[PDB]
Amino acid sequence: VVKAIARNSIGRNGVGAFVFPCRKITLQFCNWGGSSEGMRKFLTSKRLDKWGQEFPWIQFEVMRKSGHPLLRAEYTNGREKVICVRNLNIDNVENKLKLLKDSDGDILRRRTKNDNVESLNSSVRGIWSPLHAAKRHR
Amino acid sequence: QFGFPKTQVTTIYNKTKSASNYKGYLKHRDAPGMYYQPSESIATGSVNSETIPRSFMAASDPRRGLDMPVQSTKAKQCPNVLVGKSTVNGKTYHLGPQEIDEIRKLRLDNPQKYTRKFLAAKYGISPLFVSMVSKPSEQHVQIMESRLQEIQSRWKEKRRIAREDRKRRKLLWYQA
Amino acid sequence: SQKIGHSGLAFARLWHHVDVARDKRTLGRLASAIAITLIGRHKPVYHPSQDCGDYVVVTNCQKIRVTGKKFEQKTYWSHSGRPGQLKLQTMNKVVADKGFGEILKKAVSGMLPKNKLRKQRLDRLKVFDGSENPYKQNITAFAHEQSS
Amino acid sequence: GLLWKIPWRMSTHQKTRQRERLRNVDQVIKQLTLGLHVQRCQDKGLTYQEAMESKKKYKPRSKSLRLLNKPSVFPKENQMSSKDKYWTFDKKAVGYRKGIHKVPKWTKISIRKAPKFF
Amino acid sequence: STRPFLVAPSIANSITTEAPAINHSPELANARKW
Amino acid sequence: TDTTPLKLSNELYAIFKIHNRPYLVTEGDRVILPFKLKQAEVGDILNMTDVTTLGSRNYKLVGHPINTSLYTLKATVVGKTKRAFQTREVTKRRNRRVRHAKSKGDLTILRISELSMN
RNA sequence: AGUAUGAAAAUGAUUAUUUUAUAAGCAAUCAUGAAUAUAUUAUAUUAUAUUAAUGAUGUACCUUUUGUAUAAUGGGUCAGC
RNA sequence: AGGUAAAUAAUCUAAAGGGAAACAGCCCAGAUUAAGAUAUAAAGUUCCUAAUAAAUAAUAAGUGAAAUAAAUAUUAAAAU
RNA sequence: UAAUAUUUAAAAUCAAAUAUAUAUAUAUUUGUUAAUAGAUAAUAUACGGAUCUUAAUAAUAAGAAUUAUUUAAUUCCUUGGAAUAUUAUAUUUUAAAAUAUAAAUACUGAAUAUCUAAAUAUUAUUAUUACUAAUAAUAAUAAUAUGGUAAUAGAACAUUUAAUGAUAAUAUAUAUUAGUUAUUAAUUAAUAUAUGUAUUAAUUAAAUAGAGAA
Ligand SMILES: [Mg+2]
Ligand SMILES: [Mg+2]
Ligand SMILES: [Mg+2]
Ligand SMILES: [Mg+2]
Ligand SMILES: [Mg+2]
Ligand SMILES: [Mg+2]
Ligand SMILES: [Mg+2]
Ligand SMILES: [Mg+2]
Ligand SMILES: [Mg+2]
Ligand SMILES: [Mg+2]
Ligand SMILES: [Mg+2]
Ligand SMILES: [Mg+2]
Ligand SMILES: [Mg+2]
Ligand SMILES: [Mg+2]
Ligand SMILES: [Mg+2]
Ligand SMILES: [Mg+2]
Ligand SMILES: [Mg+2]
Ligand SMILES: [Mg+2]
Ligand SMILES: [Mg+2]
Ligand SMILES: [Mg+2]
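Respectively, the protein sequence lines represent chains 4, a, H, c, C and N. In terms of the deposited numbering, the first sequence is residues 2 to 139. In terms of the deposited numbering, the second sequence is residues 20 to 195. In terms of the deposited numbering, the third sequence is residues 2 to 149. In terms of the deposited numbering, the fourth sequence is residues 14 to 131. In terms of the deposited numbering, the fifth sequence is residues 21 to 54. In terms of the deposited numbering, the sixth sequence is residues 44 to 161.
Please keep in mind that the hints were generated in silico from the structure rather than gathered at the bench. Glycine included, C-beta positions come from ideal geometry on N, C-alpha and C. It is possible that part of the hints are untrue.
A short list of chain 4 residues far from chain N (calculated; beta carbon distances all over 12 Å) [claimed, not checked]: (1) 6; (2) 25; (3) 29; (4) 41; (5) 61; (6) 67; (7) 69; (8) 82; (9) 87; (10) 90; (11) 95; (12) 99; (13) 111; (14) 131.
Derived pair list, reagent style DSSO-like, types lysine-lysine, alpha-carbon separation capped at 30 Å [claimed, not checked]: (15) 102 (chain 4) / 25 (chain 4); (16) 25 (chain 4) / 79 (chain N); (17) 25 (chain H) / 4 (chain H); (18) 189 (chain a) / 4 (chain 4).
Given the sequences, and given the hints that come with them, work out the whole structure.
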């Protein structure tokens, strides 16, 4: 007899199509507040428009709130990076935005030495066996 | 066939003393071309095409003609393991219908006197076959069940756990 | 990728057998060789945070080869905590007392990494002065080797 | 007093390293000389390849280089004796000799010609 | 009525040898005792 | 070079080298390069023009950049994110000042989309 | 030594998770299994957090000194000054 | 004298890293932050412990194997 | 060739090699003993330890881990080539023989150098953005530099007060936990407690302005 034990498929973002990881970016600023001056300038300066033109798969919200200025960004996986751009200037804000866009939403994490690849595919060659070795031990 | 050079997964370092060291392998480099590297590994969980036997490929698949599910071991030498007596000496269909009926009747009548083993002995036939043929009186079965239950009850804590573990292991070992 | 798969066979402890009658390596060398096996350095799946070494059965340890005058002159030491209780025994004396197996074992112990695992690894090594032993059945043996 | 555990001999590996170093020094000198020769050739009126080919290669004029070239003053490694590759003349040792590896920065310092009889 | 058993060549061909007298054996100790 | 048994297999691995760093991958894997790419952006695709070794269970083609004609191995860039922030504390042994040495290196993440014989 | 408030720490008891009765040293760092907890994108072959399997590395801090693991100075811990 | 007084150079002082078992001052090498593919330094390559294979001789003392103990005596070996 | 009495030498002599005219001469360079005893004290043997010196009969197999002189298979000619040998593999042929291929770049080894990215400063080239534009901000390319006590120089942050000052219980302040930004700081989300709400953002001015060291 053969019985099936249930399972589900794992998504590999880039193998078929590629969904773009960043989805929404919210430029948050304040009219009053010297910390939010750079942000304001950025908003003014057609740079935002240019960015929009470049990257239409990602939407730019523009909120008005009383605190420090922010760039909260929302990703496919669900997670949300948030960068407070306190007291930055236009270029720095732009750089921050770029950084946000580039990243996948995934959490930061310490890598060990040489941990490069991350597969969910069973080894093409088998896992070594002492009995199926080409050279026996002694 | 293919006339490729064959190689071990080589290390520039001493394999006996330092096989786990990745760096050595990395350092090693071999002359450009094709190579035959037999997998240093069993093919139990695998579904690789170079693992499937020729008999299970369709009569059309080009891989049939090629030579990479190698028959390294030879069946002459390997001892039969946990095999039934019918396999060593072919199956027999000697037993008729009347005989079968008689056997069934016997089973119905007295299971403790005419147990499966006894039946087998009588009719030169497997206990399994007997079982297949004939159901014993349900009372007997019930009694057996009760006995089993009692035995289980008599177990200590540790033993039960062990049994459970064993069961789990068994379950696992049909996954592959 | 490569590490993924059924890895049960890799980390299986094989029993190896060394017949010291049929091995021409001298004591120390042999011990060193055994040490590697015990550690599990011979296998590519070894990682230092893991005891994964095999079992070694040594048999006919009475015919081990020792060079020079070491049999007479090589002195094994043991100290209790108590001053004046230094025991110094020559190799031959030790052999007479316990056996050649003991000698071999000591060497292996010396070879091995000095940590928790050590003792286990040492105990994995089973030594017998003569031929007979209780592990004859469980030494690793292939089906194609059965010509003899 | 304070334990400076430095042996009186050198290990084979050390010796080999020393030899290699010596060879390298010689090579540097050789290269310099070659360069000078080719410069001379170019000045005279030849190509690089031609200069390289030339049978009559020019010796160097500068004093130091000339001295280096002389095997009496500055031996090459194959010429040099075992006793001078791995020992120096110490004026206050027993046997008037001392392992080179004892000399302060022996890996940088060059020192070939010990005294004639010492 | 045989069972699936194998055997290593190293252990089959190993010539028979008797283990010598260990002093820390009980038997030997018995001899020693007064 | 007879490349039929690689062609016929279903499972296949490759050992491509980016800046001489070898990564061994199958299709669907995520390679974490320990640096920031400027050539490629997010969503771009890289055709690997240096692949040391292609391999099946039992056969393996090898060579210093083996012909791009033989295979198609192409990875898409998914992410440019940094590895987690750390402050390793630097100081000597009787000196009160400390130098906080911060570290938040950058990663490029690829996904091996195609890995096939051509 | 005003009145409210007080999840500030040191300190005590207790419960949970986890590790621990063949193991030896600034008690951390790095590697690395296993167990548990949480998570409204764990789709999982998931992610984080906790935790002295196991391995490697690792002479507290200040002061003063030519020079300190020093068996040289100074400090019981925390809070305020 | 791990003494003392000056001379020259280096290092330590104020210098982490590799080696010298452990090590201020020796041998190499100067840590902006990572990463770890390629050259390597001094040192090493049976195991502990990262890495090894050869050639020609000599030694039989465990001499010796990272800290060389003297006169002298004995025995052998070559050369004249 | 035996016995005989010294010496432990490449100075002389001989041999070999390199450079000058060159089958010779000249000049330079290198090549000449080993064991044992003598030997030795107090917590414990003390190469760091294990241990290391090899052997027919037999191992798809060990043969110094010491001392001296070397090499990176061995030999020749001038990094190279050739031959020889060895090992491994493949193919053919009858466990051998023939053919072809590969290996001969020993390896480890640092926080050294390079590569690979990131930061800062300077020098020299750029590109984008904005009306000392010969500027600033950001981004490139090449280069050089970035250990540090005493010490000098430059730049920031926290806390509190004064000047100016929107806003709001969906707000704020403080706390805990998990995130985020090259992070003594701030910010995001959830949670708990206040409070009809900032001496709040920012620029100045100042300080009872930062504590494991008395
Ligand atoms: Mg090793
Ligand atoms: Mg010292
Ligand atoms: Mg100091
Ligand atoms: Mg400090
Ligand atoms: Mg110290
Ligand atoms: Mg005190
Ligand atoms: Mg003094
Ligand atoms: Mg001072
Ligand atoms: Mg230092
Ligand atoms: Mg200095
Ligand atoms: Mg520096
Ligand atoms: Mg000794
Ligand atoms: Mg000594
Ligand atoms: Mg002693
Ligand atoms: Mg040693
Ligand atoms: Mg550097
Ligand atoms: Mg500095
Ligand atoms: Mg104060
Ligand atoms: Mg305080
Ligand atoms: Mg402090």
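Consistency of the no-contact label for residue 87 (chain 4), given chain N and a CB cut of 12 Å
Check passes; 18 Å lies beyond 12 Å.
Run the distance test for residue 102 (chain 4) versus residue 25 (chain 4): straight-line Cα separation, threshold 30 Å. holds (9 Å)
Over 12 Å from every CB of chain N: does residue 6 (chain 4) meet that, or does the non-interface label fail? holds (22 Å)
Minimum Cβ distance from residue 99 (chain 4) to chain N greater than 12 Å, as the annotation requires:
violated (9 Å)
field: residue 61 (chain 4) and chain N, when compared Cβ to Cβ, separated by more than 12 Å
entry: holds (17 Å)
Item checked: Status of the stated non-contact between residue 67 (chain 4) and chain N (beta carbon gap over 12 Å) -> holds (29 Å)
Taking the closest pair, is the beta carbon of residue 69 (chain 4) still more than 12 Å from chain N? Holds, since 21 Å exceeds 12 Å.
Point to revise | Non-interface claim for residue 131 (chain 4) versus chain N (Cβ beyond 12 Å) | key: holds (19 Å)
Just checking, residue 90 (chain 4) versus chain N, shortest CB gap more than 12 Å? At about 22 Å from chain N, residue 90 (chain 4) clears the 12 Å cut-off, so the statement holds.
For residue 189 (chain a) and residue 4 (chain 4), compute the direct alpha-carbon distance and say whether it is at most 30 Å. Judged against 30 Å, a Cα distance of about 15 Å means the pair holds.
Fill in: Distance rule for residue 95 (chain 4), whose beta carbon must clear each one in chain N by more than 12 Å
holds (15 Å)
Residue 25 (chain 4) and residue 79 (chain N): Cα distance at most 30 Å? holds (23 Å)
Against the hints set out earlier in the document, violations occur for numbers 8, 12, 13 and 17.
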